[PDB]
Amino acid sequence: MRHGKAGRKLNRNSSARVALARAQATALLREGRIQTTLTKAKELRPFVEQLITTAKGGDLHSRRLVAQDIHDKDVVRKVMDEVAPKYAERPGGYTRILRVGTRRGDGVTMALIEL
Amino acid sequence: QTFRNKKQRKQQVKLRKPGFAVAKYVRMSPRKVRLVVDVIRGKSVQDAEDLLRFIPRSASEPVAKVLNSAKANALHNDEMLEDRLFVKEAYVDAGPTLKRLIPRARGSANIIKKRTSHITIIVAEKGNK
Amino acid sequence: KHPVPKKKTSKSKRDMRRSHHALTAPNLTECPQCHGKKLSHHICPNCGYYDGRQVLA
Amino acid sequence: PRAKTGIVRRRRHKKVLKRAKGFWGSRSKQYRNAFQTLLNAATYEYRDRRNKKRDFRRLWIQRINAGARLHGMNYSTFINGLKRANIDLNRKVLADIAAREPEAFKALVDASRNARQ
RNA sequence: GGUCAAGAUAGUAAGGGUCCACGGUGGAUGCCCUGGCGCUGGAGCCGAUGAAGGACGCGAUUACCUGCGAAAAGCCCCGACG
RNA sequence: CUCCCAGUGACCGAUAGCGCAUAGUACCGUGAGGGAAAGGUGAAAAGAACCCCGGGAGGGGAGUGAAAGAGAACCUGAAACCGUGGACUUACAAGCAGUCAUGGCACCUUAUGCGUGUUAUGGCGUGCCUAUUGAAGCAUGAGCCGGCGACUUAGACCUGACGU
RNA sequence: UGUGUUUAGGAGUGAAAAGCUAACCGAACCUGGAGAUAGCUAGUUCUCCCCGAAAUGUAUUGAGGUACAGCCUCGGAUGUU
RNA sequence: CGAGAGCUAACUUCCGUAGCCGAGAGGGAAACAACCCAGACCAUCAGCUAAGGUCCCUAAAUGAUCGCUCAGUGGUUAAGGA
RNA sequence: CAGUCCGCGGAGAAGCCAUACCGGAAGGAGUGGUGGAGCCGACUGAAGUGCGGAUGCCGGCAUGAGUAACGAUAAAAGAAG
Ligand SMILES: [Mg+2]
Ligand SMILES: [Mg+2]
Ligand SMILES: [Mg+2]
Ligand SMILES: [Mg+2]
Ligand SMILES: [Mg+2]
Ligand SMILES: [Mg+2]
Ligand SMILES: [Mg+2]
Ligand SMILES: [Mg+2]
Ligand SMILES: [Mg+2]
Ligand SMILES: [Mg+2]
Ligand SMILES: [Mg+2]
Ligand SMILES: [Mg+2]
Ligand SMILES: [Mg+2]
Ligand SMILES: [Mg+2]
Ligand SMILES: [Mg+2]
Ligand SMILES: [Mg+2]
Ligand SMILES: [Mg+2]
Ligand SMILES: [Mg+2]
Ligand SMILES: [Mg+2]
Ligand SMILES: [Mg+2]
Ligand SMILES: [Mg+2]
Ligand SMILES: [Mg+2]
Ligand SMILES: [Mg+2]
Ligand SMILES: [Mg+2]
Ligand SMILES: [Mg+2]
Ligand SMILES: [Mg+2]
Ligand SMILES: [Mg+2]
Ligand SMILES: [Mg+2]
Ligand SMILES: [Mg+2]
Ligand SMILES: [Mg+2]
Ligand SMILES: [Mg+2]
Ligand SMILES: [Mg+2]
Ligand SMILES: [Mg+2]
Ligand SMILES: [Mg+2]
Ligand SMILES: [Mg+2]
Ligand SMILES: [Mg+2]
Ligand SMILES: [Mg+2]
Ligand SMILES: [Mg+2]
Ligand SMILES: [Mg+2]
Ligand SMILES: [Mg+2]
Ligand SMILES: [Mg+2]
Ligand SMILES: [Mg+2]
Ligand SMILES: [Mg+2]
Ligand SMILES: [Mg+2]
Ligand SMILES: [Mg+2]
Ligand SMILES: [Mg+2]
Ligand SMILES: [Mg+2]
Ligand SMILES: [Mg+2]
Ligand SMILES: [Mg+2]
Ligand SMILES: [Mg+2]
Ligand SMILES: [Mg+2]
Ligand SMILES: [Mg+2]
Ligand SMILES: [Mg+2]
Ligand SMILES: [Mg+2]
Ligand SMILES: [Mg+2]
Ligand SMILES: [Mg+2]
Ligand SMILES: [Mg+2]
Ligand SMILES: [Mg+2]
Ligand SMILES: [Mg+2]
Ligand SMILES: [Mg+2]
Ligand SMILES: [Mg+2]
Ligand SMILES: [Mg+2]
Ligand SMILES: [Mg+2]
Ligand SMILES: [Mg+2]
Ligand SMILES: [Mg+2]
Ligand SMILES: [Mg+2]
Ligand SMILES: [Mg+2]
Numbered sequence: 001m002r003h004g005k006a007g008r009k010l011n012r013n014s015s016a017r018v019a020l021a022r023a024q025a026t027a028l029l030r031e032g033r034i035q036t037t038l039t040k041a042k043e044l045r046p047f048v049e050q051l052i053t054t055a056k057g058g059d060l061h062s063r064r065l066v067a068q069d070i071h072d073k074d075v076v077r078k079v080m081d082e083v084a085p086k087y088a089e090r091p092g093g094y095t096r097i098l099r100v101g102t103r104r105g106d107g108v109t110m111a112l113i114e115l
Numbered sequence: 006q007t008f009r010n011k012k013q014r015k016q017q018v019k020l021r022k023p024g025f026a027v028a029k030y031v032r033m034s035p036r037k038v039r040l041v042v043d044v045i046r047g048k049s050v051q052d053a054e055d056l057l058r059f060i061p062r063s064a065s066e067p068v069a070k071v072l073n074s075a076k077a078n079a080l081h082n083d084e085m086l087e088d089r090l091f092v093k094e095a096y097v098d099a100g101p102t103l104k105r106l107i108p109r110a111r112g113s114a115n116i117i118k119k120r121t122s123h124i125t126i127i128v129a130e131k132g133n134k
Numbered sequence: 003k004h005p006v007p008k009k010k011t012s013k014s015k016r017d018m019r020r021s022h023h024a025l026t027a028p029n030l031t032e033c034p035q036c037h038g039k040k041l042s043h044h045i046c047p048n049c050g051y052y053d054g055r056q057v058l059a
Numbered sequence: 002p003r004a005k006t007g008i009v010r011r012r013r014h015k016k017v018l019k020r021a022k023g024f025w026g027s028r029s030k031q032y033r034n035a036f037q038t039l040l041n042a043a044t045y046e047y048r049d050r051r052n053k054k055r056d057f058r059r060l061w062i063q064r065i066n067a068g069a070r071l072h073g074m075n076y077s078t079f080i081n082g083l084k085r086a087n088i089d090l091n092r093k094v095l096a097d098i099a100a101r102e103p104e105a106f107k108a109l110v111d112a113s114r115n116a117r118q
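Residue numbers (the deposited numbering), protein chains in the order written: chain K, 1 to 115; chain P, 6 to 134; chain Z, 3 to 59; chain N, 2 to 118.
Hints listed in this document are in silico derivations from the structure and should not be mistaken for laboratory results.
Among the clues, some could well be false.
Chain K is nowhere near these chain Z residues, computed Cβ spacing over 10 Å in every case [unchecked claim]:
no., residue
1, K3
2, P7
3, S12
4, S14
5, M18
6, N29
7, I45
8, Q56
Here are the simulated DSS-like pairs of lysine-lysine, each with C-alpha atoms no more than 27 Å apart in a straight line [what the hints assert, rightly or not]:
no., chain 1, residue 1, chain 2, residue 2
9, P, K131, Z, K39
10, N, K84, Z, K10
11, N, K30, N, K53
12, P, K15, Z, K15
13, P, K118, Z, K9
14, P, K37, Z, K15
15, P, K118, Z, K39
Every residue, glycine too, gets a C-beta built ideally from N, C-alpha and C.
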C-alpha cells in the first residue's frame, strides 16, 4: 500500500522516471508552454517549480545545482538569467495546468503546462 | 384511396424513406458501435451533434457522419425544419465479416472475425408531441 | 489444469451480464464566450477560451 | 431420379416450431429442443386431461364440507344424510352451486340431518 | 374533510422474458442453363519431310485465354456465302 | 475398347452432376503426388446526367425503366444468429423450462368464440437418443440452423405369397 | 564446418537407444490392390391398426458369437382335439 | 417359498418354483423397475369402490365403545437385568 | 421424375411468410403478404423418396466475450510540418 508514500512511477524504472522529469523540464523551460498528458503534467509541476526556486539563488552554486538536471547550456542560461529573476516577486507557484481534452489514438486526456 | 394491383401501386406510388440514412460496411464491431448509438437515440439532433462529439470512441466518427446525412436529407430532400429535427430512430446491424487466419502456439491456427457495421439513423421533426 | 466453461451461456443471462455496459453521456456545457459546447474544467474546443483565449485555435 | 429432401423437412420443422410458441429459450426457436420439449408436453397433456377431474372433484368436496360444518354437520355425515334419503342423486358440483346459495343448502342440510335420526 | 393508530394494496426497470411488427445477417428453397453423366451408333493411330507435350515470342495499348509462329490473332491458290 | 464426333434420356440441374458451369488452377508437398469453392441486373445498359451529407466508403433525392419493392455486395432471400419498436409482464424467488385449471391485461382479417397473445397464482411433472437386469442420471453421442447422409443393384439363380 | 557426391524399405545407416532415414519408424512416404476383413462399436429418418415374445435346452478352438429345438407372427387345413 | 455354495453374511453366486420388472402407464408405500392395490381405445367441470386413508400440510369422522402404555415409547437391535 | 387426362397463369405460377380452418395420423385447404415465371388436382409407373442423433460431412451463425493478449523490461520526450 502507499498509506503515505508520494510520487508516481510512470510505468518506468528509476533512471527513466528521472530523465523524463529532467527533459520535460528542459522543454517547458526552453519553450514556456508544452502540451502533454494530464498525468505527466501533474508530475512535472512540482519538479520544475523546485528547479526554478533552485535557480532563484543567483549564485554559481545554484546554477551548478541546476546544471546537473539540465545539461543543454542554453536552457541553463535562460532559466538562470532570464526566467528565475523574472519570478523574483513570486512566492511559489510558477506554473499552471489547463486540460485541452482527449486525444484520439489512445484516448488520453492531454493538457497544457505553462508559466 | 388504393389501386388495382401491386403492379400498379409500384408504378404510381414510389415509396420514399424520409429522415433515413445508413452507412454500410463500416469496418467496425457493431457491438462497440451501438454503445454510442444508444446514447444519441431519441434526443435532439443538436444534442446528438454534441454528444457524439465528446464521447471518446473510434466508433463515434462513422456515427457522426451518418447523423449529418440524416439531417442532410431531412432538410435538402424532405423540406423538414431543422429546429424540429431529432433522432426518432438509430440502430446498427451487422454487415458482412472479414475472416482471417491467425497463427497460435504449437502449430494450430484460429479464425478471427473482423466484423463490419451498418449504422443507420432516421431523424424527424420534434413535431410529435 | 485448463478450466473451461461448462454449458453455453444463454442469451438472457448474457444480457444481464452486459446490463452494466451502459455508456455515460458526458456532462456537456456551453461556452459562455462562444457558441458551442465544452467539457467542464476544460477549454472550449471551438473557441479556445478558458477565460481569455487559452489554446491557439 | 434424384429426389432431395428440400421443402419437406422445413414444412415439418415449422409445424413443430408453431406448436411451440409460448415456450422459453430455445424450447421456442430451435427445432430440436422444440420437438424435445413437446415430447414431455405430450406426456403432461395426456396425464392432466383425466387428472383434472380428480382436482375438480377435490374442489367440489372441499367446498361442500365447508357449508356442512358451517351448519354444524360435515361432509361425511352430510352426504351420508343426503344418501340416507334415496331421492338425492345430484352430483357434488351441484351441491357446490347450492353451497353458493345458502338457503337451499341449509334446506338440504336439514333434509339430510332428518335422515340419520 | 385535518392529525394520530392499525391494516391492506399500486405503480417504478437496471436489466430480463413470451408474443407482435420492421429490418441485418446468411445463402437454404423454386425457377433457369452458359455445364456434366450414361447408353446407342459412328470414327480410330501420330512420329526422322520432327510426333505427343512444352518453353520463349507475335499483337497501336495485352497481365490471362485463344490462334499463330520471326514471312508470326498470321502468307498464297480454289470453292462456298454476299 | 472409347481419348474423339453425332444422337438420345420415367439422367443431374450449382452440397446434384466430371474434381472443374471449367481448373488439374489456387492451395498442400523436396518429391512421387494430393487438390478446392463455383453461377443468375435487366426485355434491352437504357448501367443511374445532375443535386445533397461525407476524403472516402456508404447513402438520400432526380431521372432511366414495366419494376430501382431491379442499381451493379444487382432473382428469389428460408434458419440459426444480431438488432430496433410496441402489448403483456418481472427485482422474499428454489425453478427439465412444460401440463391443466382459475383470474388480470391486451386484441378481433379461417376471429366475439368450447376465441388469439400475454400473464399472476394453485395443482401436477426425473431432457433426448443409445446401451441396459436397471437411465433424470454423476453412463455414451450431441454448440445451434440449414442442407448432403445409410436395407440397394445384379442373374435365363433357389424358395414362398399374391396377381395375370 | 561448406560444397559436391554415394548408400533406402525387411532396406540403408548406427562409438548401439530399436536410434535416424523430410516435425508419430519394433519396419518411411505415395499411388494402387481397395468399398482389404471387421463374430467388434455407433448409426438406420413418414403415420396409423392388429397381434406379440426370448434372455431356456443341447452342440460348438464355444462362452458378448452361431446351428437346431423352445417361445412370436401371417396364411391354409383341421375341427374341439 | 424350497434347497445347495457362503458365515443360516451380502442390492453375493447357482438351481426349483410362483408373481412382478424387462416390454407397464394409474393410486398407495415422503421419495422408490421389483413391494400392496390395479393391466391406460378415445372424450366428460358425472357415480361406486381396491390397496391405502380421514388433526394441518392434504382428499375424507378432532368418529364411537372398553381398555393399554406417561416412555415421545410410537419414530433403530440383543444376551441380560428392573 | 414419367405417361395420360383436367386444367391454371404478367388482373400474375412455383418458392418464401403469417394464420383461430379441415381429416384419425402422415397431411391437406381458405384468406392475406412477398415474389415475378412457370405450376397445381386425378389415374398409373419408376425411385438417389421422408433425419435429431453416427466425437457423422459441407456450410453459416452462436457461447466463452468485449475476456486472454498485441510476439523479449534497449525506456522515451518537446517543438515544428
Ligand atoms: Mg501499462
Ligand atoms: Mg527553497
Ligand atoms: Mg413512372
Ligand atoms: Mg457475404
Ligand atoms: Mg494449469
Ligand atoms: Mg401431469
Ligand atoms: Mg405510523
Ligand atoms: Mg426476413
Ligand atoms: Mg444437356
Ligand atoms: Mg508438334
Ligand atoms: Mg510491339
Ligand atoms: Mg526466314
Ligand atoms: Mg456471310
Ligand atoms: Mg459440384
Ligand atoms: Mg448452395
Ligand atoms: Mg479436380
Ligand atoms: Mg500459384
Ligand atoms: Mg455501394
Ligand atoms: Mg433496393
Ligand atoms: Mg429484391
Ligand atoms: Mg451495384
Ligand atoms: Mg427473371
Ligand atoms: Mg437477391
Ligand atoms: Mg414480489
Ligand atoms: Mg435463482
Ligand atoms: Mg421419465
Ligand atoms: Mg451394468
Ligand atoms: Mg449424460
Ligand atoms: Mg461431452
Ligand atoms: Mg451366361
Ligand atoms: Mg400361382
Ligand atoms: Mg509399404
Ligand atoms: Mg533382415
Ligand atoms: Mg523424424
Ligand atoms: Mg480384395
Ligand atoms: Mg452365447
Ligand atoms: Mg431356429
Ligand atoms: Mg390334443
Ligand atoms: Mg454354509
Ligand atoms: Mg443378485
Ligand atoms: Mg451377477
Ligand atoms: Mg431387454
Ligand atoms: Mg408384464
Ligand atoms: Mg405401477
Ligand atoms: Mg417408502
Ligand atoms: Mg407420491
Ligand atoms: Mg428406473
Ligand atoms: Mg417403468
Ligand atoms: Mg430396486
Ligand atoms: Mg394390501
Ligand atoms: Mg367413494
Ligand atoms: Mg376400505
Ligand atoms: Mg381436509
Ligand atoms: Mg429381551
Ligand atoms: Mg397473384
Ligand atoms: Mg399448411
Ligand atoms: Mg419476366
Ligand atoms: Mg418442376
Ligand atoms: Mg437415401
Ligand atoms: Mg435415432
Ligand atoms: Mg447433426
Ligand atoms: Mg461446423
Ligand atoms: Mg480480468
Ligand atoms: Mg490484459
Ligand atoms: Mg506473451
Ligand atoms: Mg516523436
Ligand atoms: Mg516551440
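These are the hints, each one checked on the structure:
1. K3: holds, 31 Å
2. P7: It holds; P7 (chain Z) is separated from chain K by about 31 Å at its closest Cβ, greater than 10 Å.
3. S12: holds, 33 Å
4. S14: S14 (chain Z) clear of chain K: closest Cβ-Cβ about 32 Å, beyond 10 Å.
5. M18: Since the minimum Cβ distance to chain K is about 28 Å, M18 (chain Z) lies beyond 10 Å and the statement holds.
6. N29: About 14 Å separates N29 (chain Z) from the closest Cβ of chain K, which puts it past 10 Å; holds.
7. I45: The claim breaks: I45 (chain Z) does not keep its Cβ more than 10 Å from every Cβ of chain K (closest is about 6 Å).
8. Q56: Violated, because the least Cβ-Cβ distance between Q56 (chain Z) and chain K comes to about 6 Å, which does not exceed 10 Å.
9. P:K131 x Z:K39: holds, 22 Å
10. N:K84 x Z:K10: Violated, at roughly 62 Å.
11. N:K30 x N:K53: Given that 27 Å is the threshold and the Cα spacing comes to 30 Å, the pair is violated.
12. P:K15 x Z:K15: violated, 45 Å
13. P:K118 x Z:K9: holds, 23 Å
14. P:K37 x Z:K15: holds, 19 Å
15. P:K118 x Z:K39: Not satisfied, since the Cα-Cα distance of roughly 37 Å exceeds 27 Å.
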